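Starting off, we have a lone chain in the form deposited in one PDB entry, written out as structure tokens.
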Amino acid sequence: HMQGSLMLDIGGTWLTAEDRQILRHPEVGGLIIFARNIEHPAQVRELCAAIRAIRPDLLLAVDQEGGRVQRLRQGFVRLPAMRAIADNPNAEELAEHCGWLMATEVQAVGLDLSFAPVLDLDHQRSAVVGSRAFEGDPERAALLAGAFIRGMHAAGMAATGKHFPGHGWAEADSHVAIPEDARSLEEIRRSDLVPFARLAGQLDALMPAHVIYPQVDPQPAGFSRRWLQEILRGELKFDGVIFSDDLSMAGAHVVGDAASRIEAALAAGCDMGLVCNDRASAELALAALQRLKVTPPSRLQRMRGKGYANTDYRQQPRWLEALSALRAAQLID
């Protein structure tokens, strides 16, 4: 009667026999890679193909926006930070070139999508979105992110928005602490949420933050049916998938058990649960999804990469023009 899925995580260069046996479960619908899973480009290509040899229906994602955190390093251009593009005069063109460049480079390795860009605003308040946020003005960041997403769509990758409904004002970090944002209801509509409302029709995937808004819903935004159903789906006209954020870090312990985390996330309206950095918590969630007999949402296949990317992306006119256009701003490698 309900729908949902699970995105796993491996902690090795190649697949362990245990990883193969947990993949085959239908409730698993994705895999996130980190620094510990990456050696060289060809290594990641055979790692993907090794997973596709088990489940060609899975979708593989990477944490690659090119700033403080860029997982794919050797063999990949040093993408700039989103704040490094704001000062430049033609930011609307550098965004399209930056989005297309990184999306083609990661799709040619084998991954489907990349959790990028971030739609948060740089209020100089949050320690996690330092250089990740585009700019401070809401409309400036909404136009820049729309151009960045425009480049990814031209590359064939579905874009994911982070982090709904806003994480730049939350002074506390959600990786170790529990962020709380006591801003009023109507102010968020005029400030942090503006980029999310502008790109709701141009976006295919969202990631709610784990910040608490006591004005809106005592539970975090990822676990709030008022945030995900009443405001996002019912008001912001959004219709794509809703990727849960990492359900293993701190800030998500408001509900309790690892299994109870994905219970509250799927009951809130999200389409997929994200648990990484811990295999045991992923097994408890998997066993949970097997119990209520989750069905893979028909919206998830929209996020699989349609990329025409081969090893050919090195020889295309967009490749040379975007290289020169981004090299002029002293951003790329």
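Residue numbers count along the first chain shown, from 1. By rigid core we mean the largest C-alpha set that fits within 1.5 Å across both forms. What changes on going to the form deposited in another entry:
Note: rigid core superposed between the two forms; among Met157, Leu111, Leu228, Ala116, the CA shift is 2 Å or more only at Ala116.
Positional change of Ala259 between the two forms stays under 2 Å at the C-alpha, relative to the superposed core.
Once both forms are overlaid on the rigid core, the distance between the two CA positions of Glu65 between the two forms is 2 angstroms or more. The Cα shift for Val241 between the two forms, taken after rigid core superposition, is smaller than 2 angstroms.
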Second form
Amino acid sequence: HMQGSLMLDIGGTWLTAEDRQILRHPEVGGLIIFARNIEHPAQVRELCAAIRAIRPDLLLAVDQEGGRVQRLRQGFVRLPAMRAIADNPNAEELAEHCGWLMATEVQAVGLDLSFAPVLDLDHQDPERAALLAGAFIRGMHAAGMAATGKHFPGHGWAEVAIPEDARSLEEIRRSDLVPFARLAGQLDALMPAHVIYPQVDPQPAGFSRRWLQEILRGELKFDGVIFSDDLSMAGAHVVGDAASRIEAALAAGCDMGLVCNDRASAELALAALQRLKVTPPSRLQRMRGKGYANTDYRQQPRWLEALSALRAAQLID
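Mind pulling up the form deposited in another entry next to the form deposited in one PDB entry we just looked at?
Only a single chain is listed, so you will not see partners or other molecules.
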């Protein structure tokens, strides 16, 4: 009866028979790719095509995670870092161009969305930081891509258990919350922090009805997609299982559970969704990219004009 979906990953650069089978379950709604799955844009495009032949409705995401190493031969477009963009007189335009460039290439290789490091708002003048991230978001949207931020509500220092942050809500409100409050009406999706704020709630933000429903949906009026944090944590030696955690995440109001780097865990989370007979959240297809896969994107005028602006500003070449 209830609503939810799973986002998972694969181990390699091409699909296994096991991947093909698990992709057919309708409770699987997403796939994310990482460096280990990427050889070059051409192989990424062909991989996305193979997945869409199984499931045209999958949301396909690439995690950029602060640069993916060595896209040297026919690689992905190299974009300036946001700190370099900020120190220009036309930083807002340049951030727009960067978001449009990244989103245009990502969808040209058949993906729906990118998890971009500039939209990690708590691991980055903060009002100017919000302004430049908003401009990056306009570029992404102009290319037809939905924009994901993290980590709500914010915690960018250190902790091997799960971090706890002892600040009041009014102290969080006047600090880490401010980027989110400002981009909430512009972001299409958010990922929560793997942090407990005991002054506010005893559960991590990603399993807290109070963080997700009362502060985020209520106070911040956010109506986009809530991704869970990583419900597998493969290698961290946690106890509990991806199956109990995805139940906990959907209970709190997550739309889609992420189970990365642990196929065993993804299968347990999937069995959990099957028993629930979940159907996809009505929100979910907001993340579908309006762009399309193609190979001529680098010869288009808007692409060459975006690069010319970056170059005039001294940022590339």
